[PDB]
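On the provided structure of chain A, position chains B and C as indicated by the hints.
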Amino acid sequence: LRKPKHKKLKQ
Amino acid sequence: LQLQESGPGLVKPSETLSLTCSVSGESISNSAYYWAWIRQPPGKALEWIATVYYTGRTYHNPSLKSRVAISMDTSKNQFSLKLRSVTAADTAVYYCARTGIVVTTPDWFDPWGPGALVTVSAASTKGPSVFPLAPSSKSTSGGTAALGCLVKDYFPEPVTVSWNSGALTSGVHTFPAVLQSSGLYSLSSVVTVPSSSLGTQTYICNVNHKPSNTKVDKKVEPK
Amino acid sequence: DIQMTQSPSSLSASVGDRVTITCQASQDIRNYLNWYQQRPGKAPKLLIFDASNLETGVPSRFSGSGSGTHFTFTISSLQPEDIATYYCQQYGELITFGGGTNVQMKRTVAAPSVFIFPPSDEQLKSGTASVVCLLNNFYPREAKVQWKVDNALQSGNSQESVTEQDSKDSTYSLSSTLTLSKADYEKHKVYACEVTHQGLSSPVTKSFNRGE
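Residue numbers (the numbering used here), protein chains in the order written: chain A, 1 to 11; chain B, 1 to 223; chain C, 1 to 212.
Chain A extracted, bound-state conformation:
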């Protein structure tokens, strides 16, 4: 992977 993964937001 080169285009980053999405970080999780707090629900």
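There's no promise every hint is true.
[Said to hold, decoys possible] Computed cross-link-like contacts, SDA-like style, restricted to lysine to any residue with a CA-CA straight-line distance of at most 20 angstroms:
1) B/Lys138 to C/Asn151
2) A/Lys7 to C/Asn31
3) B/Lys219 to B/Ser197
4) C/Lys206 to B/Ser136
5) B/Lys65 to C/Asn31
Simulated from the structure, these hints should not be mistaken for laboratory data.
Positioned in the frame of chain A, the structure of chains B and C alone reads:
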């Protein structure tokens, strides 16, 4: 929500720096936030050190991991930082901060503590002498009078100065300290006031030198 | 591992001018990029989070934009209270900051108010005498302060200190301290500081006679 650092002004070379941030207004055991340490050498850029989570999960600056210990104390709502084998490169202001504001992992830092300057040196701590800079005929211009306080011969930095317990802030200039030939620091804090007020208003500088745990409240009277 | 290249390192502009700062990330970090403002002696303060979102209470003259590797920070109309150092900060991978940008203000020429302070009786009792010359609220920063002791030019026994730019009028203040032992202080009569500055038609001298 308030954060406050607390640690030794001086740390001898090769020894262990140790600081503590106390948090009020929010529980550090709350799973919603992380708690980090950031430092800043004088005149240089901010550098993040490490982040700790209530579970025990930690993030570390890779350039500092082998010397860094970050821990949490659920009981006192405090978290600590330890930096081993310090050199002159570790002389810096160290901040505590809250992170993980929106993301489930560290994102940005808000709010910060006031910051604690830690000086790495073998010299000893010395509290400052405080002398008045009295207003006189040689310290006026046009209804304005200048007075102040000379804060001389202390180590290490820093010294904070307020006037009338913080009630007087307008026209106050507290100068950066200069390193004297003796290896001790010295600075002055001044304030311009109306000459009408010299006979009526009391002027006191409040000098705080937390490294030596000393204070001086000096009343500055006309000449 | 992820380096932020902040540019420029420093800049000066006048009140109301447009100021732009850029940070370039060595790898794509989406919008995981924040901006801070830090005043001298104060802790940094969050201005913009996630590249373009203005924090509550921040004036709308501050703005940010960018995604991936190129990010921009703009002050649309620079104010004296904006004189500070600004930092970018990514959280794509761990935490790294940009090198910082200290923002200064250019303004009109302002002449200093000069005051001189003889040593205290308290300090004289301790064996040292410090004479203080004060230059109050001037611009530009460059100034020549010359100590004269009985009209003899002094060198190597004084030290100077200059405050940061004032958050209200963008001027500087300067303190110059002449330090003698009590014995040497009592061997001279006239103590004077002579100030040369762009705002003064001719050099200004403030003086006193010891014990008078």
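Checked hints:
no.	hint	verdict
1	B/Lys138 to C/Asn151	holds (18 angstroms)
2	A/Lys7 to C/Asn31	holds (11 angstroms)
3	B/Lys219 to B/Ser197	holds (15 angstroms)
4	C/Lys206 to B/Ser136	holds (12 angstroms)
5	B/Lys65 to C/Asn31	violated (27 angstroms)
Consistency with the previously given hints fails for number 5 only.
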